[PDB]
Each structure stands twice: as structure tokens, then as C-alpha cells.
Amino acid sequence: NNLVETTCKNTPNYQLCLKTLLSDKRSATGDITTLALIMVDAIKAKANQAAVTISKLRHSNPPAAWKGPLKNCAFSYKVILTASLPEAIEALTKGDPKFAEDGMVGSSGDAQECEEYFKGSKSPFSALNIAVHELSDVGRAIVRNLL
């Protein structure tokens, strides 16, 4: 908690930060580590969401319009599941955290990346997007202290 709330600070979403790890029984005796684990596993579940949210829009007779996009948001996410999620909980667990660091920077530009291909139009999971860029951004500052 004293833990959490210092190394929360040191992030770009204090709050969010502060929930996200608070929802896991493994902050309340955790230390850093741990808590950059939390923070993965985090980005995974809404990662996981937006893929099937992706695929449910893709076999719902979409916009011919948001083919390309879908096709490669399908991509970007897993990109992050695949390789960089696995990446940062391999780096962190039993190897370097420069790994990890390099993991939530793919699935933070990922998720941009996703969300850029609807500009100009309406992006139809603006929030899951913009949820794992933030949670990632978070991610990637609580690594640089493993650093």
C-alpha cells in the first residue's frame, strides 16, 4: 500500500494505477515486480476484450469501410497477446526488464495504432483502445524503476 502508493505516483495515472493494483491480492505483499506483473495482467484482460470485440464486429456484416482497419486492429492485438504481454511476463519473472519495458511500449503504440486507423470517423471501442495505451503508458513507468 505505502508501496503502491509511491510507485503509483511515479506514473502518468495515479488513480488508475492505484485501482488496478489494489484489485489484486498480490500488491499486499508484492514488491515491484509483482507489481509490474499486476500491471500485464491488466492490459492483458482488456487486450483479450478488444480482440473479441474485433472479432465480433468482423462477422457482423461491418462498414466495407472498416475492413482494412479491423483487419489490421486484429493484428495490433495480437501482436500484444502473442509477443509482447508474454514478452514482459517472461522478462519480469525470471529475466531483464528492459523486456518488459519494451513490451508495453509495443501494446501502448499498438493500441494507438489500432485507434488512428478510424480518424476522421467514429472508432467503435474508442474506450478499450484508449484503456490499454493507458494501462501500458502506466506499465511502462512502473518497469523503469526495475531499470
Second form
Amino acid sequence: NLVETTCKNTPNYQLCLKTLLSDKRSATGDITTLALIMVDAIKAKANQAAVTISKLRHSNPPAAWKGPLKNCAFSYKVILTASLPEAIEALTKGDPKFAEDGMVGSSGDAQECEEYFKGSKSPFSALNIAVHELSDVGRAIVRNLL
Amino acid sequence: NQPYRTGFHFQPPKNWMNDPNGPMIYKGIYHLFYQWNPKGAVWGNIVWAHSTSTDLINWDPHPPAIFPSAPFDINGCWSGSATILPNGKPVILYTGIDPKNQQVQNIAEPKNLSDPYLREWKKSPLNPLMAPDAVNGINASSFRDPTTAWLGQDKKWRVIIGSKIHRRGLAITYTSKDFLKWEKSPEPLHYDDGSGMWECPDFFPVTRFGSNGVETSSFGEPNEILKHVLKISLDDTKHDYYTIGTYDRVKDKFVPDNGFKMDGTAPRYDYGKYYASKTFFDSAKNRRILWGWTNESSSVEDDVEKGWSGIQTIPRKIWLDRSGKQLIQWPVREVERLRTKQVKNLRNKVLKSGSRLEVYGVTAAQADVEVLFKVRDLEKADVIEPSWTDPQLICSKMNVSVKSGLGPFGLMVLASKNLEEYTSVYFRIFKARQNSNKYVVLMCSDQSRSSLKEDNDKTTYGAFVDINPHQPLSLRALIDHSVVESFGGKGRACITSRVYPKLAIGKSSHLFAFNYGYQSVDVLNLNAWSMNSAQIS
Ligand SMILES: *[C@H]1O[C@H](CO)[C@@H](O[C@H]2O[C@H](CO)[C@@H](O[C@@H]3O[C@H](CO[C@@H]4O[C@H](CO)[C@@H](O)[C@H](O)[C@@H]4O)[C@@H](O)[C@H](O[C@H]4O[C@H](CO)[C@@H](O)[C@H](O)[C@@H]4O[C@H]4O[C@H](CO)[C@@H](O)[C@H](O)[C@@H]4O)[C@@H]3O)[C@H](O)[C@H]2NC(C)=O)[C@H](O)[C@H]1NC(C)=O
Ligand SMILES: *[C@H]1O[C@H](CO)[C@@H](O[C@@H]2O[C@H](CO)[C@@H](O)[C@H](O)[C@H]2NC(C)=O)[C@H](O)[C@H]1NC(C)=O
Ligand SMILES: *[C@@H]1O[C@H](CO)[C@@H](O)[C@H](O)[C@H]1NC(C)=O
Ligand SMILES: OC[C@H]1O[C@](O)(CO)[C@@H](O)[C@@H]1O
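The structure above corresponds to the form solved without the partner chain; please provide the structure of the form solved in complex with the partner chain.
What follows is the whole complex; the chain from before opens it.
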């Protein structure tokens, strides 16, 4: 129950628990392994967000969508190209604060990208909320390694 | 194009930089190495880049000095320090990430000592010299950042490496006769329960009364009184801390002076954006000099988009203050050579309540400004709340639009003409207690309205300043496009900050002296110099 207590000290116990149990590495894994599992979960959602964003840009978006859709594309490109790879390197080599920086990065981007939409439900809102919530659970887990 | 790149602060042509590494002097040439990502605007693939100088301000680039080239550092060349051996030879101790991603300590030394610029470095086949294993039981993921080494009275070297065990921070001590065979000491030089990881430890002597530097291995003669300074960068809080104490050479342990605890409650070099700092002994002009890394306060997107991240602050000479309660820092005096020949001077101006005075004729985005403030009616100062103990939090809740008896008064730097954007570096003066003659001087670096873009980290900074408000209040600001370095009370309170204005750029930035307190304050003297650009790597 490293998983249990690790997930107690995060902003969303259930999301944390669901995610870690979906990866066998968590049976015997230490806190760094559990952090890496979370990064994978974020990477999995951010990939989908990224592919979704491509569709809507290659499909004649409304005038008030274009400005968001381009920003979101860049946001998720930074998440997938800079932030997450960084976090994977930091957790694997042992500099947790750079993993923390990477998790706080994707949390703000996901939210930012969501909030660009007025009426305030984007076409891929679940993915932004998933990427936001998973990034916050991830931060909590990495706080432990500081 | 690149409105936030600095004109005279150290930074590479592009890409991510963090910790300063192995600062040294050798054959009259200053070396700065630094952690650098060769192919990105975020941390990763970290190597030691290298630049040299003869003034600490203008820097010539060199090839990467230290990079993965062997098992013991194949997965990265992390931070470390230079030691100058008695014969005059420099060696570098640094953390390598080994083939199992464990953190280990390796040695490098010059390939050609006749090369003053020490461009190529070779590495010992004995590396790693110090490592985690089953016997020492050191945590392989929390074991890095070797200090400069110091030679004890018994002719055995000491070196410390930052580490932790659970929530306990450590300064693991190793000793050596030849500098090749290192042996772990049972007890560490110091530790602390609850602090977390101790990154980038530093350990150096300072003279009791005086501003000169002390050689790291230098002893306290039956005349000369030395204190020692232990510094740690803390994972937990993202700040740099130091305590003043004595070095028990018998025990080989550091004892902070009564009142000091080596954790988050300790004092800081800088109360703003400042990390992974490292000193070295400048034997050429007898001074200890402190390097500090200031990361970006913009978004990671902005970093990736502009193509670089991280600067060094201007190197600062440091020493023990008269009272022995804190360290004093001041930008190295070589930085003053950048000052334009024609200074802008204001003297004997009265900033009434709610006033601001603009300073004309200066390159406001790239300037050095020193100012003296005199308050007339100290007794009119408000009694501070006894529960108000955290200076940063005071600055956060009492912004510049909240008036008090004395203050806010100070500077508005990197400001737009109509003050859509500005950074306030100011003072408040409180009465320590009701009807008292003791006073509390607060220093704020407020960047809440520094930029119209909300993505920027606009956190405000604060710090109390140990100075007598009966005497005039000193305030110096180095301004450089996206960095403001503030020094209260001739170096007793330092606040580095990062800002990214939309309007206040180049010719469109402005500089004001101001006073929004109830009482009026005089400006005895205000010197604002335009700063020329340095030639930097
Ligand atoms: C380099 O990289 C970055 C630099 O950007 C550093 O990362 C961190 O930087 C700072 C820490 O200095 C973190 O700042 C925090 O941000 C929160 C803001 O979030 C959003 O912004 C607005 C602000 O208007 C706000 O509306 C929402 O919160 C948004 O979500 C703040 O919540 C937080 O402020 C609190 O704490 C600061 C002190 O840190 C106080 O000054 C504030 O007053 C505030 O206090 C709160 O708690 C107290 C109790 O203690 C209450 O009394 C108050 O009323 C209040 O509730 C802070 O500003 C930043 O988030 C973080 N960013 C990232 C990306 O990591 C990093 O440290 C640097 N690394 C190195 C090595 O240097
Ligand atoms: C690294 O340091 C020591 C290495 O032994 C670890 O201490 C062990 O911690 C585990 C808990 O996961 C216990 O089962 C052992 O009994 C501990 N041994 C001792 C001697 O204390 C420690 O956990 C590791 N790192 C941290 C951060 O605590
Ligand atoms: C070492 O460097 C010095 C100065 O750079 C030079 O004179 C000398 O030829 C170099 N020697 C070797 C062997 O590279
Ligand atoms: O580049 C990695 C380096 O950065 C630090 O975490 C401090 O910022 C050091 O402990 C480490 O050696």
C-alpha cells in the first residue's frame, strides 16, 4: 500500500488509484516508478488531445476556434516534445524538481487551452481535464521525492 | 525580436542553462562552466559548457568542457566544483550519471596546463572516485554536487557532497590523502531533519571583520577570527539558504551559531529568483565571489518559442557584515565599467504623498541605478503586527496601492509611460513595537503588474533589511530587459526577479522614483547610469 498512501497525498485519490493499478510496474514499484506511470498516463491523454486538435484544424474551424486551436496545438506540442520527456529524464536520473516543473507545465497548459473556449466546453474538454487532473496527481507524487 | 534577452548578464547564445559549475581563477583568467542542454530550451542532455573572462563581465565561448565520454558519466555530466591544489593545478570534481542511472562523483583535470583557457579536460580511469554501494548505503538518486575541497591541518583533504535520507538533508563528508582515494567519513559535516534534499552544498571561511575573501583552506591564526558559512540549495522550496557558524576541526563538523538552523528558516543570499549558487576564491583581487542561477519566470511555451532558458545573475563579491549576523553581497565592481560616461543625477527632491518622479535620459531597460532615501518623521511610522513574520507575505497582501505611514517608496523599473506595466522595488518602515525607537525596514520586489501577459509567474518577493532608518536608506537596481537585481541597504537584502513586459521594451521602458506613503520622503541622491552591452558568449 505504497500506492494507497501515495494516492492519499494527491488532489484526486480515485484518479490516482485507477491510473497506478492499470500499470503492473506499480505492484512492486517505488515512488519514482509510480511517478513515471503517471507521466505515461499524461502522455497517453496529451497524444489524443494532440491528434484531436489536428482534426479540427484540418476541418475549417470557426473564427473564434482558430486562435485557440493554434495555441492548443503548440501547448500540447510543448507538453509532448519538451515537458514530459524532461520529466521522464529527471525521474529516471534523479532530479525530481525538473519533473515537478514539467508536471506544473502541463497542468497549466491543459487548463489554459481549455479556457480559450468561450461558452466554456471545448470539443475535447475531457482530454484537457484528464491532462490537467493527471498532471496535478503527478505533481503531488513528485513532491514526495523532494 | 528577442526583447527579453539580457544586455550584460551571462547567458548562452541559445538553449537551457541552469547551475553554475566549477567557477575558478587560473593564470589570471576566470572560468565559468555551467549546466547546459545542447539541444533544447528545457532541462536535459546536460553538459558543462564553458566560457572564460579576465573581468567577470565579458565572456568568450569555448567547446563543452565536460560531457558524456565514459561509463561513469555516460548518462549526463551534472554539477560540481573546481579545487586549486597547492601546486597551482586546477581539478574538477563533478557528479556523473552512470550506466544504471546512479549518481556518482568523478574527477577531471586539464589536458594542457599551458592552455590558459583550459579548453580540453581529461578524466581519470579510476572514476568514479566516490559512489553509492551496499556498504555506505547512500541513496544513488540523491548523491550529487561536490564542493571545492579544503586541505585540513592533518594534510588530508575534505570534500562534501549533497544528499538525503528520507526527509533528512545531508552534507556527506569524504576525506583523501592524494585526492584520488576518497573514503567516506562516518558522520557528515552537518545534516537536518525535515529539510529534504541538500543540492549544491557550499562550505567556505569568512573573516570576522573585513570584506576580503578567505582562501578555503586558510586557518584562523591567534589573531585572525574566521567564521564558516555552510550553504545549501533546497529541493523543497526552490531557494538557497546559508547559516553562519564555526568549523569544529576535531569533530570535522559544522556548528551553526546559536539562533541558526540549516533549513528553510535560515537566511538567504537572495530573497527572489536565485538557485544553485556557488562561490569561489578570486586570488587575483582577494575576494570570495558568488555565482547564482536565475531561471525563467515566463511559461515553458515562451521558453521553447524564444529558444533559450536561464541566466546567471551578475557575479557578486561577498563577506561577513559588521554585526556577524548575516552576509553582505555586492555586484563585482567590474560591472561598473559598463556604466555609460554620462550619469543622470537627481538630488534633494521631495516625493510628497502619491507622487512619482521620472528619471530622464537613461536607457531604462538596461541601466544601473543607486538611490538614497531620507525619511523625516520616523515616529509617524505604523506599529507592525507581531504576527507579521514573513516578509514575502506582507508584500503580497500590502501592494503599492495600500498606503502606510512610511512607504511604499522606492523605484518603478521596467515601466511603461502610462504605467500599464511596472515592477515596484520599494521600502516600508514599521515601528517594531508601540512607542518604540526600534524600527523594521521591509523591502519588496513587486512584479504583480510587470507584464500584460498573465502566463508569466508574477509572484512578489520580500525581505526585511537590518538597517537603521534614522540614517539614509540605500537602494541599488541593476536593470536588464527581463531581469531586475535589487540591493537594499548596501547589500544586506538582495532580490533578483524576472519580468517580461509587452510595452516596457527598449526605448519604450521608463524609470520612476515614487512615494505612495502618507508621509513625504526625500531623495537625497539618485544616480541612474545607462549600461552598455557586454560581449557575452
Ligand atoms: C523557476 O521556475 C518557476 C518560475 O516561474 C518557479 O516555479 C514556481 O514559482 C512560484 C514560486 O515562487 C510559484 O508561484 C505560485 O503561483 C500561484 C499562482 O497561480 C496562478 O496565478 C494567479 C496569481 O494572481 C492566481 O490567480 C492563481 O493562484 C493561479 O493559479 C500562487 O498561488 C502562489 O501564491 C501564493 O504563494 C506566494 C509565495 O510563493 C505568495 O506570495 C502569494 O501571496 C500566495 O500566497 C497564498 O497562500 C498564503 C498562505 O501562505 C495566503 O495567505 C495567500 O492569501 C495566498 O492564498 C505562488 O505565487 C509558481 O506557481 C511556480 N511555477 C512553476 C511553473 O513551477 C520555480 O520555483 C523556479 N525554479 C528555480 C530553481 O528557481
Ligand atoms: C535510501 O536510503 C536507505 C538505504 O538503505 C533506505 O532505507 C531503507 O528504507 C526502506 C523503506 O523503503 C526500509 O525498508 C529499510 O528498512 C530502510 N533501511 C534503513 C537502513 O534505513 C531509504 O529508504 C532510501 N531513501 C529514502 C529517501 O528514504
Ligand atoms: C598547450 O597549450 C599551449 C598554449 O595554448 C601551447 O603553446 C602548446 O603548444 C600546447 N601543447 C600541446 C602539447 O598541445
Ligand atoms: O543539472 C542537474 C543539477 O541541477 C541540480 O539539481 C540543482 O539545480 C543539481 O543538484 C544537479 O547536479
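Here, rigid core means the biggest group of C-alpha atoms that superpose within 1.5 Å across both forms. Residue numbers count along the first chain shown, from 1.
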>> At a threshold of 2 angstroms on the CA positions, core aligned, which residue out of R26, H59, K122, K98 shifts between these two forms?
In response: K122
